[PDB]
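Below you'll find only one chain, the form solved without adenosine monophosphate, shown as structure tokens.
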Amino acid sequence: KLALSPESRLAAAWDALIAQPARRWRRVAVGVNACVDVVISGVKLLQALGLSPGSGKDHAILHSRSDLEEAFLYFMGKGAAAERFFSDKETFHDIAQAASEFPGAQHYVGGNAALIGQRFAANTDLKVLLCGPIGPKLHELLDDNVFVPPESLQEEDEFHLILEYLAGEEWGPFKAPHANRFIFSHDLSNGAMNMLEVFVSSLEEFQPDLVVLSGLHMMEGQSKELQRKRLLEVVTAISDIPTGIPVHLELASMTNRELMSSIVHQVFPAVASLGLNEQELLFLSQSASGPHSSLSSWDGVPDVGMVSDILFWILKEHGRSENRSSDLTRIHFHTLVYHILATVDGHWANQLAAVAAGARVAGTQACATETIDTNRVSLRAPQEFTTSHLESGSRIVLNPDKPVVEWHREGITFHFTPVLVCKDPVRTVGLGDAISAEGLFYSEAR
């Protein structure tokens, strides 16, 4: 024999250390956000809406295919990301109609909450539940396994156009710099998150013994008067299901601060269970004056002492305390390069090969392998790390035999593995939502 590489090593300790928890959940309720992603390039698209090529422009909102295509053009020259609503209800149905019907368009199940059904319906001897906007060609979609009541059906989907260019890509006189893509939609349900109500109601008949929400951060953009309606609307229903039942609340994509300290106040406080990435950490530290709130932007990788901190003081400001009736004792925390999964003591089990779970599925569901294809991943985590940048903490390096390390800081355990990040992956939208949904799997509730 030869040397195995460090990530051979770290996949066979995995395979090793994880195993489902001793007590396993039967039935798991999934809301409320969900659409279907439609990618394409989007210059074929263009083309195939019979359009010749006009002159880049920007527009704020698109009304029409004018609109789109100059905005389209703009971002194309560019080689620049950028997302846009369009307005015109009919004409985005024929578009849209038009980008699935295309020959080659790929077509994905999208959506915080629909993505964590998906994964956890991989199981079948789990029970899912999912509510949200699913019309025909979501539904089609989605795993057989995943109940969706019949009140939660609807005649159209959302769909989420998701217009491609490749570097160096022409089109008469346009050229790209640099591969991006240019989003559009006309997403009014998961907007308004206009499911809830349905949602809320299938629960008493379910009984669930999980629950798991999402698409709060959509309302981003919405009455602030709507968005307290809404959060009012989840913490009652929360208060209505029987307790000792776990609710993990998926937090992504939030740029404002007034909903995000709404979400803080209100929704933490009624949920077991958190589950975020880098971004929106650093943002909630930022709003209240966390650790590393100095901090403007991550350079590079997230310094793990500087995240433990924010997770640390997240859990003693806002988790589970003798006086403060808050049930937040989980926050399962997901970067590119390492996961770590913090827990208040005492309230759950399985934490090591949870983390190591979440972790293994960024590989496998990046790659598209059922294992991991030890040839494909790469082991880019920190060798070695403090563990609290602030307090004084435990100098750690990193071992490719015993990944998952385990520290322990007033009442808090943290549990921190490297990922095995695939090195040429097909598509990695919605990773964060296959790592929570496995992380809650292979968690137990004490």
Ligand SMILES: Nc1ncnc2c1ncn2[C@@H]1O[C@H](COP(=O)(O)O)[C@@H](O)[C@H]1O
The other form holds:
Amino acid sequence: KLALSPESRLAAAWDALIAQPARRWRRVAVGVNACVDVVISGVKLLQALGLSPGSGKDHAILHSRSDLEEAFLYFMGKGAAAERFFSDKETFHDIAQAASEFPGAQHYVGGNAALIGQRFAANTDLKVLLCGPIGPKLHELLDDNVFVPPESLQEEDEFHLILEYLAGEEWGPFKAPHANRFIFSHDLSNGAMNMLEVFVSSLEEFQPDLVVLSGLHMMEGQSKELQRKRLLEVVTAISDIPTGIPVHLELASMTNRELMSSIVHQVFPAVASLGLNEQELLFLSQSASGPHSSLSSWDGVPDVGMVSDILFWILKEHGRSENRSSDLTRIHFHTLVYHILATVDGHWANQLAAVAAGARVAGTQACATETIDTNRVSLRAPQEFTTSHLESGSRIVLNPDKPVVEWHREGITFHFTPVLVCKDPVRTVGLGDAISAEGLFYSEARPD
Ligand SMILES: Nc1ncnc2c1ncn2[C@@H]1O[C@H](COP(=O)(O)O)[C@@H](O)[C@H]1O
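How about the form deposited with adenosine monophosphate bound, since we already have the form solved without adenosine monophosphate?
Below is the entire complex, every chain and molecule, led by the chain shown above.
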């Protein structure tokens, strides 16, 4: 033998440490955002619609094929990302149909809840119920083990059209300086959480062991009154689920502070578990009180100590307390180069294996391998780090043979592991959802 890489050493230590919990979930219910992502060359699609190259010109809303072409060309010229709503329902149906039927277009399960459901459904001894706007194409795309109530099945899908360009790509006088994507949809269902009622209604019959909720972020840009009605529906529904059934909230893509504030005040006390990334974590700290709210943005890899101070603060401010009657005891934090599982002591088991398992799926799914291919991964976490900078914390050094690190702070325990980052990834949209689902699958709640 020669010396093995840090990455091979790390993946070997995971393989030994990872095992399912003693008591396993039988049934998990997941809702409510779901769609079909159609990934297609934008130039090819527009050409396929019979369009000649016009002018690049931004449009706030796309009402027409013209508007679509013009805004696409505008962003393709910048090599920049954008997202738009397309307002004409019937015209959108014809364009999405054209994109979805275009030879070589890729179709993917989309939506946090559907992606979570899909990951859980990979295990045959776990029964998954999924609600959301599920048409015939999404139903076909979903794993056969996923049960969708007939109530949650509809005639049309919610297509999200993802129009990609490559760096250097050309169409007439247009040339992309960077590779990016322009995305559009006509998705009122996910925007309004229109399947929340159907989801809530299906829980009693199904008797979930675990309920997972996502899609609140999608209400961003809707009536504040509509948002308030839906958050009350969430909280009411959860108070009707039998006591001691964990509820996980998977947080995502938030930019509105009124809404974020409201989710924290109302929904956080009603859930056992929360899942999120660096972007949402920092956004939370910026809204409310924040151990590092002052910082506008993370400057490269988020500092572990700074991250942990925010997670600590959330479980202290909003987590279960003798005064609080909050049910929140768990936060699965996942960023690119490390994941942390933070838990209020004595409510959860198997959290070493669980965080290890969340991290491992980030590698394997990114690379599209069954197991970790140690040639295609790279350890990118900091070699040493402080467990808090605010408080006086430990100085930890990474040991690839002992990758999962545990530390304690006032009845709250943290579980840290680095990620084996896929260097040549296929497609990493939806990775946080697969990470959170894996973390929960390998978690065990205890009696309330
Ligand atoms: N190339 C990669 N290899 C392994 N994990 C990744 C990679 N890229 C992203 N991740 C993780 O996947 C997640 C993407 O989904 P999200 O958290 O929803 O943004 C990030 O949180 C990263 O932690």
